[PDB]
Amino acid sequence: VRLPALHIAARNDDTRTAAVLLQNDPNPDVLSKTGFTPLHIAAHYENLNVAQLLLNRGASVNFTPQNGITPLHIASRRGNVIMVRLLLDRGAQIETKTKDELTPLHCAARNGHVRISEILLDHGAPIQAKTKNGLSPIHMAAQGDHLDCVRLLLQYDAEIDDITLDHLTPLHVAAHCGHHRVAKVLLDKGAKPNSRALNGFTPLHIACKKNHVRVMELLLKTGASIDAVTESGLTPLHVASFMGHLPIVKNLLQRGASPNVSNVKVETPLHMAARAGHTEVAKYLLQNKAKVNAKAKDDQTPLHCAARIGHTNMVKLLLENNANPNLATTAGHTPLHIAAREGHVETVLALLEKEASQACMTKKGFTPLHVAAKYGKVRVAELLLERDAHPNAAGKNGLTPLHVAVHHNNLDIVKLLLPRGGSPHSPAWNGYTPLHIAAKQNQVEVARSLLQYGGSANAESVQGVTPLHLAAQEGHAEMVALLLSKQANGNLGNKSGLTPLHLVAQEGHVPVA
Amino acid sequence: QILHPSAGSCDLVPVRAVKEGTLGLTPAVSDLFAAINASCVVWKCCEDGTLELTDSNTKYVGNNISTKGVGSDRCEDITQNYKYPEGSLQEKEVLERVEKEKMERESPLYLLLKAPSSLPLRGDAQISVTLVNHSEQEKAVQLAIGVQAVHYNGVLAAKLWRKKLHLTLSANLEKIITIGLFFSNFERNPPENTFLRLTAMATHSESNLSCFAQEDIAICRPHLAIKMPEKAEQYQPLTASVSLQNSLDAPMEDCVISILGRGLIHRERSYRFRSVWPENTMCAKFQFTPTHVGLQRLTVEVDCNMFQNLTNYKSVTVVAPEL
Amino acid sequence: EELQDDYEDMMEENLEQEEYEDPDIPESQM
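Protein chains in written order, with the entry's author numbering: chain A, 172 to 684; chain X, 347 to 353, 361 to 459, 473 to 689; chain g, 2 to 31.
These aren't lab readings, by the way, just hints derived from the structure by calculation.
Only true hints are included.
Taking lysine-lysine and the DSS-like style, the derived pairs with C-alpha atoms no more than 27 Å apart in a straight line are:
#1 A/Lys454 with X/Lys412
#2 X/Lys593 with A/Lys360
#3 X/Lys505 with A/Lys421
#4 X/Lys480 with A/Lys392
#5 X/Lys480 with A/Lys355
#6 A/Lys360 with X/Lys680
#7 X/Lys480 with A/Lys360
#8 A/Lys462 with X/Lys505
#9 X/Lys530 with A/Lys392
Work out the full structure, taking the sequences as your base and the hints as a guide.
In structure tokens form, the structure reads like this:
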């Protein structure tokens, strides 16, 4: 687990120990466990004397380990100007690539070594060489905020609009990393300000995504399009409002960016600031032009988007300005419906304080109380029933909130609806009562609550079917015994005369019979 | 490490401590951090005496932190050693931590000012003021433009130019105003080694708030071009030609040129060249013998009645004679 | 102290093999 003695001598620049070792063992290219020769160590630490000794004793100046890191690569990465010179005079190859296709110029430019980069360029290094991801040395210089390296590479006729495999120009990289000085040099040297990435992202889009305000001002000063869209229709205000960067949003709106723009999903910048919860960005959007009641796909408002995530103070902000809670989607869902689905009690309370109508019904026929009863939201149902909610509201199908609480097996909603007015004697379109559903689904505890509040076990459907008929047909012996102790008639027949024993015979449950 | 004297005693502050806002490591981290992270608040001084807050453009501090490059006469930017990129997550973290430590211890109008980075000496340049009305009604806006000479340390030198415009902005309309910044309009010549503070101030009706922007403009002097071979032999005569183009509005009089440089010229040699009329060129040749082997540098200084201490340099590698 | 760099693990850490690689090209899909 210790290094070979020649590596240790190379690290310490000990030429006497190295000379003794090479007199004993004449191999200067002894390999460590990682496969690095002592020349690699000498190039890393810029130990000139031991490097000259090793090269005079026959060390491979162009040694290539499995990862392809030559000593010239290490000297260029570390900034060892004198070692780079010495290796170049002894025959170091200038175009050799690593496993990720990095040249020594890539290593020099990534770490911003201007002198080394100029030395390699003067020896014929390829300035347009690419890595596995298509990064030229100017990309690596722009990524590291190496202003003078970018300047030197541009002076050596590097392509200012070279793209990576992701179609990223050096301006794109400068905008992504927030290096406004590199971006300034590139744009003053003629870089295109509206270059498109793979997803149609301009450098302005990336600057507005990462809250890089100085890059944004520098781009807009040099003729970047403020209304440029991506493939999805994203404006820089859509990106800034979604990410919540208030300085970017304020600067874009001050300069005259349109705030009522839409994308494929017909979403607006206020929609993305409601769906993300940035109340201050949305507040500034509404001070300027913004349609608070604007509609997207599926007829969704920013109130719909704010109610889904449950961010309460945005709901209060949107509602206080001009938002109308009674607006509904294509499926008929008002923001009260969405808030009741996710159990957002504070959002429901804020919506209800601003005249949200619980009488609004979806296409299926569901009030917000229905949705709470379907999804088991007992805090929302408690708050709705507290303030003007009809427990026996029904649509065309006749389903009440008690129907959908029993159907989805929400005991807490059932135990909350019954004392407040949820009637057990409410028939559906087919005449089914809430006790009909419990008896079929073997909800014994729900049935006990339904029976305790006056549920009738002999209530009949449109075809004469009682809950005892459904319990016996489904083979629920405990349900049948419960109903039979609450005045259920076991001899009662349906329209065709079928008794519960007939329905037991059809399916074959011995314990029920 | 950064040497930071305190009016006294001196402190050694690591650059990383300033970058990370490690206030408490050394006593001077707070001052160095405030040197490159403070915010600028602009107040308008009304003639009534009341001090009104102004809606001003962001004045960034700690810009282009520069030092001489290694192995070259190029300029290296080391701002990333002192600061995270503006608006980044790391800068946000550092700023919030510094704010937390200090707290524990203790509009319808938009103005955009476009200015060139330099104004030629006794020369001409154009500036642009963009005003954007966001109100639904038209605005009677008083736009005030000022030019002031400021020293390197921010001390006000002299008031050079003021300009008052009266514009009407249509509702939801952007207006671009181009103003020519001419040296001959200045009430007095700027003092030497000073910079130009260009300010714009837009006030409308009785909104009690004024848009404000400012830009620092450097004064650009004629380029001193030095022509000299890249390599020179030791103990052999070497000729360096120096050229200057008179791009001013007056002749260059009382003209003195000096040449120096350690390893090429013993002390300095000053010469007189003829007066240069406008749009003409000086072209002076100097012969000297380099006597020290190595990478040397020739420094040329030109003096006249229009400008003084105009200095340019050129590097020459002096090589040993062939054996 | 002063002898940790003589070992293969420490020298591998010192040589920083990750800086001779293309790390990634992040996009941060929104």
